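A single chain comes next, written as structure tokens; it is the form deposited without its partner chain.
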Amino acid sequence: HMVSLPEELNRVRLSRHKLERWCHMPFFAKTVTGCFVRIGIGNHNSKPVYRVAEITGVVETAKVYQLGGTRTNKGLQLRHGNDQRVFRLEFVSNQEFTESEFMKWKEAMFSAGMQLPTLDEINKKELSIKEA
């Protein structure tokens, strides 16, 4: 059956720390593609807002920038239902998805006509990561 809870989606969630740690390892893109992130998109009433987003690709931007203790030119091609955009890795959160964020994501997904991921797909991804 299909994913319905934030906890489930958490097993393929990548923190900014991990991304920072891995962004120079070959097959970074193979590893992170299909994973999900909690992406910071700005402020709402002067309070930071975040979104569930799927990594659909890794981009090599024209600009090297600072990511914690390292530097990279990489960006994440991130999908939130119908919305797809490239974000710098620095805007990824290290925190888990709120139920709220997850529900908003579900709503965007249904509005878009996009099937949610199954647990099989998710477990496949998780396992793959755990191995390499």
The other form holds:
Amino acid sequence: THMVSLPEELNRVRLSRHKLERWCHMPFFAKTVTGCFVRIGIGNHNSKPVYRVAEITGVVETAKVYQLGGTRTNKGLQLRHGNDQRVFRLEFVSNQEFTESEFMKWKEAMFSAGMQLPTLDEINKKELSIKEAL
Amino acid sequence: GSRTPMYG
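Starting from the form deposited without its partner chain above, please write out the structure of the form deposited with its partner chain bound.
Next comes the full complex, this chain leading.
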């Protein structure tokens, strides 16, 4: 049984910000997005933007309603990166795909944390479930 | 595209 090992594979279950925005008022937003991954902007280093791979483990409420695209929302994503779990507004989710470097960093962070990687089959099944639902 | 804002 084969584990994820390439960014191209993990990109298959990467949700863009556009999609999150399109879907954020849908009735089964939580079920759909949970198990997917995102490329999240976590801040700047030397005034340059830094991004990480993270898995969505749930949907939660933020303190404030905020502006997201042309709507308004109270939803935040519970995100996991190795052992680091944090809540992020949807606005910091990128529309660009993972780089190989971001992916490798994630892999190493998952190993250091003693976390099991997703299998290729889990990925493909998740993706398929989303494509079928649309 | 439309610049992704950074957390913080």
